[PDB]
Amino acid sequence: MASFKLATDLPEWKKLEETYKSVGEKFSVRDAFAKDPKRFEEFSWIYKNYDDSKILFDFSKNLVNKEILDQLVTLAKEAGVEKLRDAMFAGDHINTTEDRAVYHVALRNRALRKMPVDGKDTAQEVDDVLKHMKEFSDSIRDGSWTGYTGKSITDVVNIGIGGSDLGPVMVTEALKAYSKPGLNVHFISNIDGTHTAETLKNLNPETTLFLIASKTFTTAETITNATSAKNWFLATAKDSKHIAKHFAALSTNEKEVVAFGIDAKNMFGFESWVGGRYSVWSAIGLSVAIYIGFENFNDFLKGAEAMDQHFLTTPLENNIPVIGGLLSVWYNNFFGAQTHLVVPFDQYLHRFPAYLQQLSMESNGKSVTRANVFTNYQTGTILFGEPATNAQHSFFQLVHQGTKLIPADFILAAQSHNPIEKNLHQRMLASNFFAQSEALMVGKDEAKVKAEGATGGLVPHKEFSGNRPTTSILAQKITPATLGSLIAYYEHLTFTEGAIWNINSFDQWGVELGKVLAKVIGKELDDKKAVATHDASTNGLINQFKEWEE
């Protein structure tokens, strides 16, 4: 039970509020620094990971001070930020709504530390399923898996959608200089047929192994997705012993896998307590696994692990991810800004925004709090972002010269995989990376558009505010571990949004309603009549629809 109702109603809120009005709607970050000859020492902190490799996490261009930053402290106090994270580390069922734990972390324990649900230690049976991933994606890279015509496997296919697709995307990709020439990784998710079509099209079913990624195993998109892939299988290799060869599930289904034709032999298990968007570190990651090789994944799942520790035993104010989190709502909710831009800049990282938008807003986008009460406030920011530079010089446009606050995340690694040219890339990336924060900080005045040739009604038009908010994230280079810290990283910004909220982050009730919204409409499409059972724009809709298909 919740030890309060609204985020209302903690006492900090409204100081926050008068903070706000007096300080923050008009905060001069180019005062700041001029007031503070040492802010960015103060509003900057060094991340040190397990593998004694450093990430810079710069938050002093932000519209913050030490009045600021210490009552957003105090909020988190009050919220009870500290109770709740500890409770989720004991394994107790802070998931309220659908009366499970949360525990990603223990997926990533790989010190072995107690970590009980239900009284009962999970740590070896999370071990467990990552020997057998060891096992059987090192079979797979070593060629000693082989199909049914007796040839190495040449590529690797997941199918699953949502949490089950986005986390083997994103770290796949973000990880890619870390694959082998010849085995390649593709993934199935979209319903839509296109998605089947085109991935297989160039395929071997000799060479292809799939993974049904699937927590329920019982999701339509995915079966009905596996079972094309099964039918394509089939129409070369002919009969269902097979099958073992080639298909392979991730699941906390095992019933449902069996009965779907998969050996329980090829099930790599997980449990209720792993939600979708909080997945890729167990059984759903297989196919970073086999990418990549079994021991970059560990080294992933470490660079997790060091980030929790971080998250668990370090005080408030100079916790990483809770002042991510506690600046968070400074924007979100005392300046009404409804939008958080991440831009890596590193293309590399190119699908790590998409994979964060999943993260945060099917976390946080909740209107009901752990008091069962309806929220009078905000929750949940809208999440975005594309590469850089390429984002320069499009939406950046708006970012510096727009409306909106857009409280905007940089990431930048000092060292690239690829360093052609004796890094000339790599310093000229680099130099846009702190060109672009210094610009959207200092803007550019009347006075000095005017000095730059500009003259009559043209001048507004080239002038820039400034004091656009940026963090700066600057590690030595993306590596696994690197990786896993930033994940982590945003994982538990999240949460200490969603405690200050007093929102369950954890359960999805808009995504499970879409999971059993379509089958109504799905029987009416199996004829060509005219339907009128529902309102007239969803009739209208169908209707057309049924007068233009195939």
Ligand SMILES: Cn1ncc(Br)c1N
The other form holds:
Protein chains: 2
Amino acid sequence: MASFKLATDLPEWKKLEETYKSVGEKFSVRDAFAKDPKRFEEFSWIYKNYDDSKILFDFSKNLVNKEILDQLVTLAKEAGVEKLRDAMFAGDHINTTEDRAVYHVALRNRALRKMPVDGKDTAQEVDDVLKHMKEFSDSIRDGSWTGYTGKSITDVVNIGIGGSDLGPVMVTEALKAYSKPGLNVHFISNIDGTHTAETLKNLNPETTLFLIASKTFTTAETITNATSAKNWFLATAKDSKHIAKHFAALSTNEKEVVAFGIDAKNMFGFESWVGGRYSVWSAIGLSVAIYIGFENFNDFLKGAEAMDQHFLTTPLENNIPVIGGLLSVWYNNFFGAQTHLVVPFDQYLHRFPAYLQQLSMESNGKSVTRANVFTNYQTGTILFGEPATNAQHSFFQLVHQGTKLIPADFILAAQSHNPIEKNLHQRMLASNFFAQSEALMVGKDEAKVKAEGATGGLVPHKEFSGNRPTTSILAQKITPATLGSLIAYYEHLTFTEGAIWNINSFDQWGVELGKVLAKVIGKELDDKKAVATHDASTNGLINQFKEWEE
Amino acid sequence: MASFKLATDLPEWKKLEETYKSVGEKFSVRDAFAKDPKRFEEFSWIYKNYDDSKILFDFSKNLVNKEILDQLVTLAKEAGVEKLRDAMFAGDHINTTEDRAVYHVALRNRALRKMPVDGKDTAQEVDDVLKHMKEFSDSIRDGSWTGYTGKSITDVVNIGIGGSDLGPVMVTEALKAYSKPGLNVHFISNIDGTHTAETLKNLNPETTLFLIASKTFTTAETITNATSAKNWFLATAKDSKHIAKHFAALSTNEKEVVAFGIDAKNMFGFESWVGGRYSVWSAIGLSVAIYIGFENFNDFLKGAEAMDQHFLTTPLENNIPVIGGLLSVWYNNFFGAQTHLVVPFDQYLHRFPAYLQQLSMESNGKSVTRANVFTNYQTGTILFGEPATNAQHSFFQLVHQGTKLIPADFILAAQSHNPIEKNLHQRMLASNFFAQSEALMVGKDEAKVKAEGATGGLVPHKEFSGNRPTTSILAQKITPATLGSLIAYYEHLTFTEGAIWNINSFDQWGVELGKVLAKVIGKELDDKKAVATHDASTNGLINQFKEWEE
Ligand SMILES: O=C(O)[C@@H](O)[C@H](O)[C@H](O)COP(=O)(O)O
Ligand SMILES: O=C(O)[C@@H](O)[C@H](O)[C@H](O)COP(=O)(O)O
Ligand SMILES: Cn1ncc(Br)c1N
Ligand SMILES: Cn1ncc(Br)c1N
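Can you now output the form deposited with this ligand bound? The one shown was the form deposited without this ligand.
Every chain and every other molecule in the complex is listed next, the one we just looked at coming first.
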């Protein structure tokens, strides 16, 4: 049970409202730097990873100073962020509405600390699944695991949706530099038959391995897609005895895995306390281990574990994911910015914003607190993003000159995996990272536009307000370990936000309802008779579809 | 000049504020359907394309009724939407800040109507470039255009960024069903060297054609990328005279094309009055014509032309793109919703939201009106989206149960290009389309949550408010002509928004700024000497990068 009902009940909340009115609303980052020559030192933090590599988190272009951050930290204290965090790490059932522990942190427990759920250590059970993933992925990669005609596997197809899809997609893309030629990964997720048809169109059943990724192993899209893949496989292989060399499952539900026809030896398990949007660290990440090797996947886990330890052991005022969470609350609830922008200056990370979009919005898009009362304040923001430099040529127009405050995270690796032309492209990429955040902060006033040649009515169109905030995250290199730490950072930033808003960041009753909505209409689409069982729009859409379908 | 200064100066603006307070804020869509037995008929419109195919635009689940819509139409008349539109179609220089015509509508003038810029018809000049595009794309597809060793082309790589990239990407993905095996398209855009390295990895210089796509032919990323591709080509081909069989240009700047070493005969031209984010209809679309054939590209243009004629000739109250734009203004400026969601129930259109994100935000992310004064109201919204059904398992949680109003457009084709398993996947896909908009409207109240078995504090967590608005767009099938009409619909929706806000939807001074920002820091990255020429954050980021760079 909760220690308070609403975030607006916390005494520091109304003090932050007063601080917003007096100094927040018209905050000048320019004046902040002029006042405080040590500003960069004071509002940037270096994170040291377990492998001694480093990530610089620079928050100093944000609309924040010592007064504001001190108040936000007091708010996090009043909200019991530390109490809820420690309960999470203790394995307590802090997912109250499903009565579950929340224990993705136990998935990356490579140190084998005691991490118990229901009083029983999980360390060895998690480690045993990882040992199975290492053995299997090693045998795929070295060719000893052969298909039903005795050939080595060349293509691995993950079939799953949502939390069982986007992690694998984003991480295999982000770590693609660590893959091997001739071993490729693919992803079927959408129920839209296009996804099945286009993915399988040029694959060979004799050299294709399927991972059916599903926590429940009952999701309509996934089971239907898995059935279509099994039918495609059997069209060439004929005998169901051969499925055991070509189909594995990533799941919590062994009974449904076996009933679908997958051997239990080919099941890689996890537990109910792994949320789908927190699941890439589990058996769900098997496609990652196959694509880049288990050791790289293990280094990915160890990066998350090192960020977990930072989150667990650091006083709030120097706790990097807490600081990031506090700034989001500041913008969302006091400035009323509804969105947050994430821009990787990194092409490999092109699906990173989409992954954070699920993690953030599915966690914190809630309207009821842990006191089981409705909120009267904003919760989760809308997250969006695309890679730079592309984004600089498109919606950055609105980030620079529109009428909406859009807090933004920019991410750059100091070193490229592809340093072509003696780093000519990389230096250009980095120069854009620095110059864009600079320009959003400094802007361009009326006098400078005039000095640059504009006259008359053109002048205001070319002005830039400045004081548009960014966080810059500079890594040395986007290694597996660095990516692990970066995702965990955003996991714990999300945790911090949710704790302040007093919501359950770990259920998803809107996604759960969606999984049961479509069946009734699906039955109505089986016969061609007109329908009048819904509202007039739903009827009209269905009936127009029936007239236009095949 | 402008006929008014600010949108808040239009008399209907204050009336819409009164209507928002009295009818809008607490609008019940459930009540609306109960009150109006003809609501679906009254708030849905069937668009008929030039080829007699049809698209149903169903707005009836929006927070709108006859009174509200009639006031929005009156606002559109006061704003002179029609006068600005007619000026656009007449070739007038309505891009005031750059003193340019805005004539993407002339690109798809396949009827060869008289469409003059500066008093001179553009019809034959546009048609001549399309004739060149047909000739060249025909020769690529039939194998008669051969590489420098006499082989037919198997791979086409577009090199460009922003408006010279995203349309070609999105449309080739969207119309992929119309491609043929053995002729593939690829896209280099990011300056990040990863994009060059990974795209050229498996390609053969002997059979690869490059299209250098740049309106100006001076953009730093694109010319740098184009130089790298030329270096890659020449590392195998050795002789620069081979460039003429492997490099073409899509540009307005012939002198810079020729200076780069591309034969003028290999240039596909267009004019200054084609904005990048409106350019896929021009020579910029050459990759589309190559990938799917010129006649399909031409049908795509003809679908846009038909939607143009709808927009041009239809009174406002039945004008489909106008209605879409008026609703956006209603949500943005009276409900205060900062975002707009676009969800294609269609895997081929997975890049459609990203394309609209550029179209929308780069057009309408502006703070100054055509009277050259700053706005005192919100302008362009933040657009985002992913295809369904994937979106239903992730950020739809927030759409259903968060604290933010998120107006949403759902798009579905009644017929799939891949109707596998006797349309089993397609019927499931369709059922989710109907069920999701239905659930967002009807919700689930406390009594039903209790009837479904929840008790005590769990109940509020499983409630859904309903009255969350959607627009449903149902096409017969996403053909080239359908996609052409769909993009043009959103172009003219964006038009209508910007005309009411009285902004210039067709310049982009923040994008123009971005392309001149990085050079100063780029020259400082030629050294590893520490820099102190900027603010302390920019200095600190640059100096930390120098310490960590390779
Ligand atoms: O976030 C979620 O809970 C969803 O996206 C699930 O991951 C998705 O519905 C698939 O569920 P499952 O893994 O049980 O097949
Ligand atoms: O919308 C825009 O204007 C930009 O995205 C441009 O398309 C981009 O900067 C590329 O410019 P160009 O076509 O001149 O190379
Ligand atoms: C506010 N925010 N930004 C990134 C992420 Br993940 C969240 N929750
Ligand atoms: C508001 N809106 N929705 C889609 C697009 Br393109 C715009 N401008």
